[PDB]
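A.B. asks: Please construct the entire structure, taking both the sequences and the accompanying hints into account.
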Amino acid sequence: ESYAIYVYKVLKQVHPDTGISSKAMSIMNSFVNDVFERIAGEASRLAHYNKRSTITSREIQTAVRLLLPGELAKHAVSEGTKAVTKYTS
Amino acid sequence: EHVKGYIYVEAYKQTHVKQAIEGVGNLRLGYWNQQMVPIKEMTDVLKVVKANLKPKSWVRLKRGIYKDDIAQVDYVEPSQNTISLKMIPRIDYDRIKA
Amino acid sequence: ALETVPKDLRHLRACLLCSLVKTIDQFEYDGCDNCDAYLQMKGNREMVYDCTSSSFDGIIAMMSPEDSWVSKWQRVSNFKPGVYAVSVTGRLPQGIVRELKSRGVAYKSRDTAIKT
Amino acid sequence: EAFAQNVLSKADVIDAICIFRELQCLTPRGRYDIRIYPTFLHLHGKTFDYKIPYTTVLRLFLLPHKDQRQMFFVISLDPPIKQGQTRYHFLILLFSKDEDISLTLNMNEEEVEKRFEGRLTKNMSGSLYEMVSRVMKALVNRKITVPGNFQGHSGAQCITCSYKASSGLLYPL
Amino acid sequence: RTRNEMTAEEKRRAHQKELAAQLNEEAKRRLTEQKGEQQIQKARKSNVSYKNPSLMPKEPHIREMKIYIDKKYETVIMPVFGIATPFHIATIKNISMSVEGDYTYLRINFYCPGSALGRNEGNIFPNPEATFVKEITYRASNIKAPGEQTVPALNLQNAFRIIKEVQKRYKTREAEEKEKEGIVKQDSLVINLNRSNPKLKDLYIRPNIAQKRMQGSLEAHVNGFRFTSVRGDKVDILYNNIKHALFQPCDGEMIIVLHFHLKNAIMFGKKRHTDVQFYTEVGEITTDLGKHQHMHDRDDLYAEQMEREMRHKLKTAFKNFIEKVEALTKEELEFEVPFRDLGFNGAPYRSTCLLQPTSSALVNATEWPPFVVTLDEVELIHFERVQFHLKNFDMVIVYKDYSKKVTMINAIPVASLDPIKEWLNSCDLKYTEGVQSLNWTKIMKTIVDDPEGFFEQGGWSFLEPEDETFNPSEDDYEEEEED
Amino acid sequence: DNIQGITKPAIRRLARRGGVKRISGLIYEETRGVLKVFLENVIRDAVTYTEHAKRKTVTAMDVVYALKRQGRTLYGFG
Amino acid sequence: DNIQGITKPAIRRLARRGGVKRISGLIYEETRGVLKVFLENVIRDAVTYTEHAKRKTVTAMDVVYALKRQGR
Amino acid sequence: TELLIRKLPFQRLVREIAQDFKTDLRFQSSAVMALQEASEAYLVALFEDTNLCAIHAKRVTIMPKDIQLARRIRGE
Amino acid sequence: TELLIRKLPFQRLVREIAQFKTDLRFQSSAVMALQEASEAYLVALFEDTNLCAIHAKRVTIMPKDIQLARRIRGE
Ligand SMILES: [Zn+2]
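Protein chains in written order, with PDB author numbering: chain h, 35 to 123; chain Z, 219 to 268, 271 to 318; chain Y, 2 to 117; chain y, 179 to 192, 197 to 355; chain x, 463 to 927, 944 to 961; chain b, 24 to 101; chain f, 24 to 95; chain a, 58 to 133; chain e, 58 to 76, 78 to 133.
If a hint is listed, it holds; no wrong ones were tucked in.
Distance ranges between label pairs, derived from CB positions:
(1) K626/x / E29/Y: 48 to 54 Å
(2) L355/y / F850/x: 46 to 52 Å
(3) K115/a / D564/x: 41 to 47 Å
(4) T5/Y / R241/y: 40 to 46 Å
Pairs of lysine to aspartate or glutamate residues, derived as EDC-like cross-links and limited to a Cα-Cα distance of at most 20 Å, are as follows:
(5) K57/h / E35/h
(6) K77/b / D81/a
(7) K59/b / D77/a
(8) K57/h / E97/a
(9) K346/y / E105/e
(10) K264/y / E562/x
(11) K792/x / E681/x
(12) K705/x / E798/x
(13) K77/f / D81/e
(14) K276/Z / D762/x
(15) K91/f / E133/e
(16) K43/h / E946/x
(17) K79/b / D68/b
(18) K853/x / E97/a
(19) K91/b / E76/h
(20) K59/f / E97/e
(21) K725/x / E793/x
(22) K883/x / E467/x
(23) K91/f / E94/e
(24) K108/h / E74/f
(25) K91/f / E97/e
(26) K661/x / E794/x
(27) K31/b / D280/y
(28) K274/Z / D759/x
(29) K43/h / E952/x
(30) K663/x / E788/x
Calculated from the structure, these hints are not laboratory results.
Cβ atoms here follow ideal geometry from the backbone N, Cα and C, with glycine treated the same way.
C.D. replies: Given below as structure tokens:
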């Protein structure tokens, strides 16, 4: 499987009047999997450091701030905060 | 370092040093006599009067042209090969010698 | 031992803590023997030139500090046998002397000589 | 060939044992041919030339390259060949393992047997470095030193190290 | 949601389109105005030892058949079986001598096809199909004859030395003549009738007048500069000849330099040069520290204070000199301070250095030889090897004068790509991109051969620029599974 | 062997795309050796992952994981 | 301004400990800049870890985690 | 774009090293393509580093010593 | 164990550059670990610099040596 359907949804939402290529979709899926893996590995490291048995939103935020650059990390943190708020709402 | 002629030794009896300084060819002169100093001279031998290498001090010269003159230390060289020195020149600016 | 006895009279320095007089090559290779863990003087000439100082006078053939008035006076009874001195003019930097007291090493002035 | 034939038609030609043409030298640098003589060797260059008697040779060293693709052939000289304001204490040659050769001596079978005591033959073939080593051995009588029982971590027979502001290879003989 | 960062790059692209239009128009105009022009060509002739036998020497060495050398005529006469054959020193390529205890060998190599390696390749022989004498070897016994005068090998040694000397002199004279041919005569230095004349002192010159640098001073004259070494070597550089004046301060450098890029070449130290520099050092070099060590708060920080004071004084003196020269010349010669912030690492002569773009020239003076590119003569720029998996790219500067070689700068960190683009955009220079390295030699040759057809195809615009997709089909519109 | 199959023009083209203007004769053998070492390490890691997954054939996913372990992620084949 | 306070003799000592047989006059500013960059990176990582741990004091453990993250 | 390494020789080398490791193995076409892409990228990066070393050494011709210095400074 | 940089200037520099988040204490052990790491890092950098200099056939390291070392390293 892959996140192709979700990537296509995001693409139609950001630019409803454009397309993509097969190699482009594959590169996007590879990027999604790689970002997921990096964040998950960083979260596992932080959880092992804190001696916790559950990855939390705080752990994910720390992992994001450790991986992504400054402005991009701040924007991602804001998006995740809004998302978790709407979820808990 | 200030004395130059005789050394000292720490021992209980004289026979100890007499038999210990046996065979050496340098101390052969001072071998037939072992002098004993009072107990009051057991602390003045370690006294040094003011080593003597500190920057921004005053030092005299014994060679060159600036003989019997005082000068100031400016930069020490722990390399032990040279050393700076502040001293007003005494030359003639090249107008006397042929 | 044969490692602490000075080899060549030329180029010789002395420490300020225990006043260990040896040769520059010995200080560079082996370094301070009486105080190594709390000095790291071994393994480089840099720390040697930083701590030790060639401004020292006196030579005493220390062989029995446990039983010797010179050692009891000079406060070197808890040191190993060797060739020490009776005066060493110098002082360690603040950063080098504060760590001694922080770890538990009393810093004393070995310059027993007088001034003027 | 025509000029040579015209010259031979009028001259009365009556020499070197073997002539190696163009051998990669590192010290000195450049391509040099080597002519062999019973008592010396002529190192001919495009400009400079040298002549090394066998009496001046001290040792012959055959070493491999770190990458296991080349061979160093070192000749220790004494006195060192002089060139202006420089003296060379070693003659270094570089060969490739895949550089074969087929040599034929300028002597007869019996004469070669009497001279080299059968160590050489009228016609030979094999690796270039092997040929040079065999010839120099049969000529000088000194045995060619070879690497010892040393084998670095990289499997090579030497260690890459610097010296006098220059990288190079150190071989424990 | 997305960051949403905009890009003036579109304004940059529009400005670059305008620059490309103007560039094509101006290039077409200049090439049509040129339409080919006159040329220049000189002559030459081989060397001759003696034009006639009557000019041959008559020496006892020649009589005894000894290798003779005539210096006034620059010829070497050698014995060839009772024949004293001469050869001009130019024919000889080099000579070597060897001693073999019993005998001494003297080898003499001439020039010939195949052996004309180096800067002599252009010296095409008048008949390469003829027979060339490539080597001649003579042998002289080292044994001194019974109570005779000299030794035969002594004659060969003397001959070797004299031939080397004659060859040195001949090559020196030939180099001097070749470098003098083609120099633009400069006006005489109007000696300073003005009594003021600004002056600066303590300056090492590049290139070196002598074998090594010469310390000296500089003085601004009415129509130029006069550089005088401590000995007395005077070098003149007229103002009108100065094409660019650069001032590289010591801010982050070991030398404060004044560089002069001249329109024409000036000859000094028996050599002509196009670039000059007058610098003063403010650096230090040691095994590590001073081979001593003890440096506390009385020499180390004091040394730093002294270094800072010297740097400040030199900067002040250089600024004063610049202002005085400007005020005296009435803005006829303006100095340029390079913008260090807009610099980037490059390798023009294949040496990592920091090129700095002034306000009308891309320069670099700290590293010798200097680099200077006047932006007034730049046709365009091309970035080659600009891909994703390449941390370094190359830049190619094409001059308006197509008869010149394009300037190629290799190895430039990709982080310094957009900055160079913005700098060129401000400079009004058209920059294009290329994924592969092109053969600029062939390109320029073809453009010079067919400029009109070149423009008809498109001019320099040539540098500028199937498969389906996994689309969300019905199989992709499938929903998820139940809980 | 097939290590020599790597054509001299192919190595020259790789170096050109990199940014080398003049190559030496001793470069081709060295480049072949370095490439062989890199491929050997990648195949080692890939075969380890294949034995872990208990698969009969190496896959693009295993190759990508090996490249990631080395430190040179590669997209496209995911 | 403590990047200058870092005693140049200290840099010379760090460099002299191996192979470095001679140094230029500009090595000091270059080494200072490189040390500044490395310290900035390590301290950013450690500060991130500390803010995650909530503590208001950076610890040797946080420094070790930052170093391991950087791969030192 | 295009591949700089010859597909058939590269595939043969991959199969040779795979058989050297463990015989009776099989690789996918996409796997071989990914290996070739990774190898080309690695070689290009190495060539860029070697060109920097040669530039620094004040030369134009790249040398095996430059490649060795590049690999060393990289840490392989 | 061995430290060449003065701990007081090093600590001052750390607190001056740690202004990313003003007001933050650094334990003595934390500062010591940072100093050890910095000393080891600069030591490795100078080793690579010496390699680049030996390559360039110059016994005196120059800033371009360190620049090349860091470039090849990927800093
Ligand atoms: Zn001590």
